[PDB]
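Since chain E is already given, all that's left is putting chains C, F, 1, G, 4 and J with the ligands on it; use the hints.
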Amino acid sequence: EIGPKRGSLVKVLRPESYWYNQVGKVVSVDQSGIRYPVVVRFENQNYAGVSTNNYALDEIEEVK
Amino acid sequence: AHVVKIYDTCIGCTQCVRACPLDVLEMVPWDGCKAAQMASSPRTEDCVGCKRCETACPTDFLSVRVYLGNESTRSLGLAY
Amino acid sequence: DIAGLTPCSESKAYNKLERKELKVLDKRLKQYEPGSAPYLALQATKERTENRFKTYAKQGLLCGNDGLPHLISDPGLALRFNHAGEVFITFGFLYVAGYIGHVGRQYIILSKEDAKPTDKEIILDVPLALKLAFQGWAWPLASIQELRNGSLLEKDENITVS
Amino acid sequence: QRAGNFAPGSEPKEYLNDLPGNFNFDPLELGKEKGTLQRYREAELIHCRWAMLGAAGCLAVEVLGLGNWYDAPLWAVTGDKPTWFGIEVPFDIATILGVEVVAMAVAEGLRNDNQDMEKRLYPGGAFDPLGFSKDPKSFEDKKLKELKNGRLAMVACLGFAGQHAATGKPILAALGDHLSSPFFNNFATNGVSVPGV
Amino acid sequence: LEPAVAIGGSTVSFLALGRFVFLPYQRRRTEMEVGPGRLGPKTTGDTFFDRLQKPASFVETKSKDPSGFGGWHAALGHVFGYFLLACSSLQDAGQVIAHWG
Amino acid sequence: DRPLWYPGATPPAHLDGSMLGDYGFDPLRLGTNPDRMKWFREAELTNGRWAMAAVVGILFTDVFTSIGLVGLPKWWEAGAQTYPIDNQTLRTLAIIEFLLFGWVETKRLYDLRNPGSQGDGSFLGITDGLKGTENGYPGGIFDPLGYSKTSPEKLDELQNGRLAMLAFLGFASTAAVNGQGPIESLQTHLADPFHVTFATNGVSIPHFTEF
Amino acid sequence: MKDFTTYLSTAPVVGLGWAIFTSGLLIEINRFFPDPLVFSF
Ligand code: CLA
Ligand code: CLA
Ligand code: CLA
Ligand code: CLA
Ligand SMILES: CC(/C=C/C=C(C)/C=C/[C@@]12O[C@]1(C)C[C@@H](O)CC2(C)C)=C\C=C\C=C(C)\C=C\C=C(C)\C=C\[C@@]12O[C@]1(C)C[C@@H](O)CC2(C)C
Ligand SMILES: CC1=C[C@H](O)CC(C)(C)[C@H]1/C=C/C(C)=C/C=C/C(C)=C\C=C\C=C(C)\C=C\C=C(C)\C=C\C1=C(C)C[C@H](O)CC1(C)C
Ligand code: SF4
Ligand code: SF4
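Chains E, C, F, 1, G, 4 and J are the protein sequences, given in the same order.
Every letter in the first sequence is one number past the one before it in the deposited numbering, and letter 46, counting from 1, is 110.
Every letter in the second sequence is one number past the one before it in the deposited numbering, and letter 77, counting from 1, is 78.
Those letters in the third sequence? Residues 78 to 166, 168 to 240, by the deposited numbering.
Every letter in the fourth sequence is one number past the one before it in the deposited numbering, and letter 175, counting from 1, is 206.
Every letter in the fifth sequence is one number past the one before it in the deposited numbering, and letter 2, counting from 1, is 29.
Every letter in the sixth sequence is one number past the one before it in the deposited numbering, and letter 34, counting from 1, is 156.
Every letter in the seventh sequence is one number past the one before it in the deposited numbering, and letter 25, counting from 1, is 25.
With the rest of the complex left out, here is chain E:
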């Protein structure tokens, strides 16, 4: 309810993440008041091998 719509593509704004200025699909948004509830999923894997990460509400921007 507080995060973006589930299933909507967003843009990451974390300046130290491997998916900076990229576009990722939001899989779920937690509603427990945690620090980083918006969980996103990206098509391309990172250097470690994972493809999903959870960001906060302020570091999530709509695509273009």
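You may find that some hints are simply not true.
[Stated by the list, open to error] Derived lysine-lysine pairs resembling DSS-like cross-links, with alpha carbons at most 30 Å apart:
| hint | chain 1 | residue 1 | chain 2 | residue 2 |
| --- | --- | --- | --- | --- |
| 1 | 1 | 65 | F | 233 |
| 2 | E | 128 | F | 194 |
| 3 | F | 198 | J | 2 |
Keep in mind that the hints were calculated from the coordinates and are not lab data.
For chains C, F, 1, G, 4 and J with the ligands alone, kept in the frame of chain E given last:
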């Protein structure tokens, strides 16, 4: 010895405590993630620096960091 | 007769070298029968050497102090004299290189507009590659028309750490 | 207040709106900032005034028949007596160089300390003894006339330099040549103005 | 040519120039520049006897902004700008510096 | 709009829209962009319009030259015979041509970017008559035969222009492999149709079969 | 048949089609037309 740090971007998957081969990290309860647990490192003097915890960390960027520093007999891995 | 060089048509070193090669090739003619396969092969090599020296010369190509042909590369200096052909025709490479680049860029953009564009890279879409290869003959026109529309670049969507 | 379009159906620049001698010419968008546009304005006016005086003297010596303008400063190198309208002034080259340095130094030093945005382009008072600045309308079209004549004089000075750079004939002679054979003698026949002609 | 009239007529011209027409421009132009202090630190209590600007009154003695050391500073124009003209001995030594062409 | 260049299986994308001489021929899909299509049609119109005057200036004079009415040279050496005459200027024709041609070319250029952008304060008194109807189709230039109601005359114009462009390319290529004129190469083709052919007369394709 | 023609689109289409075509083209050009050091202008 080396200085290990755990940032707040932790998700509590308990993988670094499973990857540590010297029993340095532990899992303490927390109230900031879905798993309600955050890693900690009480036995920092036993850190050897193999950086297996950083490879076991799944979040981007890593929630645990191993900053190498001074070396002792335990941190140098000497058996003699 | 520029940059202190001289035309290959009036150089003694050029003729000296020509006679040297024609002699070292002719020395191997005595070791074979006048009508066999090694004789025919040596005769073909001799004809190719004479033709190459004649072709290399009388075509404005000039050599310097050693009989070896030198090449003028400055435009203007190669255009004021009949030396444009030696290296100023860089447009042939620029045309083939731009052809390769345009075909690859057209295949990357078109394949990315499909679900999972990865397996399309290890397993090429041959009917799409052959169609895109014969459609890029007028590549500079497509490049200038794709630049004015702004469809050639990106504004700020790059993985940077700056 | 656009005094004419430099190009019919051009792009109207919203920076050169209320300016004298405006034609919306500038395509490189130089002087787009409102601060540097004033410096460019005063630089244009000063250059126009200097080029008008230069082209006037350059054509006056040749129409009066006193020698080439390029050959006028050759007296110091050759070593003879220089003159102005046949007076034979006895000044040496070091003396005229010194008086020119000091006089232009005090004149330019006094000009640079104006601190008036209007008086730096168009002053008045002492610099306008005839006082034809009372009529604001006459002042307006006289300012436009000044800019239109100054730009033509700048192009004329660059023309004198190019004409003497290609050939060695004097200014009026350069016109006579073009009047002796227009289709056979022009800049495209010098062999140097066009690399290939 | 004469050294007495070329470096003497030089000094006074450079001095009168700097005192009558280039003085307010120099004073107005030196206002944006700051002194030696590293953005004004403590000096007297830290023993910085060399960075502190020399005193010796440094006040108005003439009119319309005077110059104590400027009269000796700007005066170097006498030898910087005209000892070259004063030493123009190549005009009679055969070494032509006219640069023909 | 008009009959397709092929009888079938060749459906274009941006050629469905109406246009002068629309035959649906675009295999490289060059005119996909609308602005680039709008610019390319003007380029085709100008190229065809000048190629028509060039091909008539060559062919019409060659007819009288081959018959025997005039003693004018051919097109490949008309330049080499104009300047050796006593009353002929030096190579200043290129410069005066560039200046006087660029003057009207820039008017036609600014008219394409902004159609009908000929304000009253530009020319002397014909500042209003230069308002063209469409891009590449003006009105005050031509005086007769243009106030009809049906436009397919432009189809004849475009077809004649395309045929003229192909003809000039043939002029430059035929005179490059044989060294003769167009009607000089045409008249010999009527005599021996199987001997003087591009496949065997000129050195066009390397045919070396002399058994 | 579909599996064979899709197998032929991985590594042969890029390492034996283009390589053989380009190599054969350059070799036949240098065979019929002997050694080219200028544009023959
Ligand atoms: C419609 C234009 C046209 C016409 C009528 C001709 C006619 C002729 N050409 Mg030419 N040619 C043309 C265009 C044309 N050409 C173009 C565009 C080129 C550049 C590729 C050439 C290059 C060329 C060469 C190098 C030679 C000829 C030669 C000849 C003559 C012998 C025929 C031949 O060898 O094959 C013709 C060769 C061609 C390439 C033309 C075939 C393809 C054209 C472009 C198709 C157009 C035909 C059109 C659709 C139908 C005819 C229209 C007509 C009834 C008005 C002949 C009179 C030969 C010659 O002079 O004999 C000594 C010769 O050596 N042509
Ligand atoms: C057709 C694809 C393609 C295109 C359009 C480009 C374009 C470019 N590359 Mg590049 N590159 C490519 C493939 C491509 N590359 C591949 C496959 C590699 C790995 C070997 C590289 C490695 C590479 C490096 C290391 C660098 C570039 C650089 C550059 C830029 C400078 C120009 C240049 O020619 O550099 C040189 C390009 C090469 C040396 C690669 C040549 C290898 C061939 C041409 C690639 C094969 C493509 C394939 C046939 C396409 C498939 C066709 C399709 C129908 C199936 C330019 C925008 C430079 C740069 O950083 O930008 C300024 C640079 O340093 N590239
Ligand atoms: C000292 C020269 C000089 C200066 C400072 C100016 C300054 C100005 N002009 Mg002017 N102009 C000049 C010369 C100059 N002009 C000449 C000689 C002509 C006749 C061709 C004109 C014709 C002209 C017109 C028609 C108009 C202006 C206008 C303007 C004003 C706005 C344009 C602008 O912002 O650009 C700023 C100027 C500069 C930044 C000067 C920079 C010069 C650069 C370095 C280019 C010089 C290189 C050049 C190509 C050399 C040619 C030599 C050749 C052999 C290569 C501006 C205040 C417009 C106006 O509103 O009037 C008030 C206007 O409509 N000018
Ligand atoms: C005899 C056994 C053999 C050999 C020698 C090879 C060799 C190779 N394979 Mg292959 N492979 C094999 C068996 C074999 N494979 C089998 C049984 C399968 C299962 C069907 C595969 C499936 C397979 C896949 C899916 C791929 C390869 C690829 C490659 C190439 C490595 C990538 C590279 O060069 O960098 C990359 C080069 C660039 C980025 C620059 C592009 C320009 C290149 C150099 C032009 C291509 C020419 C070619 C590589 C050289 C000739 C090939 C040679 C076989 C004749 C390499 C030449 C990769 C490939 O296709 O190469 C791209 C790849 O994607 N192989
Ligand atoms: C100062 C000057 C002339 C002064 C002449 C003098 C003092 C002559 C004096 C003497 O001759 C006498 C009397 C007698 C001689 O014996 C001795 C000398 C001493 C020689 C001319 C300037 C002349 C200055 C010129 C020619 C300026 C050129 C400007 C151009 C080309 C315009 C460019 C732009 O258009 C672009 C390209 C892009 C646009 O965006 C912006 C703009 C900047 C507007
Ligand atoms: C300030 C004031 C104020 C007060 O109150 C009053 C008073 C009024 C008095 C005043 C003043 C004024 C003045 C000074 C004015 C001036 C002007 C000048 C000087 C000049 C012109 C000047 C000049 C000018 C323009 C000029 C121009 C020129 C030209 C184009 C030239 C041309 C030519 C050439 C190229 C070459 C050839 O071979 C020749 C010819 C063809 C011929
Ligand atoms: S670096 Fe090795 S020893 Fe140290 S905490 Fe990580 S896994 Fe344990
Ligand atoms: S591996 Fe990383 S995310 Fe998982 S518990 Fe350890 S520090 Fe936290």
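Okay, the hints, checked on the actual structure:
1. Taking the CA atoms of residue 65 (chain 1) and residue 233 (chain F), the gap is about 29 Å. The hint holds against a cut of 30 Å.
2. Distance restraint check for residue 128 (chain E) and residue 194 (chain F): the Cα-Cα separation of roughly 22 Å lies within the 30 Å cut-off, and the hinted pair is therefore satisfied.
3. Note on residue 198 (chain F) and residue 2 (chain J): the hinted pairing holds, with a Cα-Cα distance of about 16 Å set against a maximum of 30 Å.
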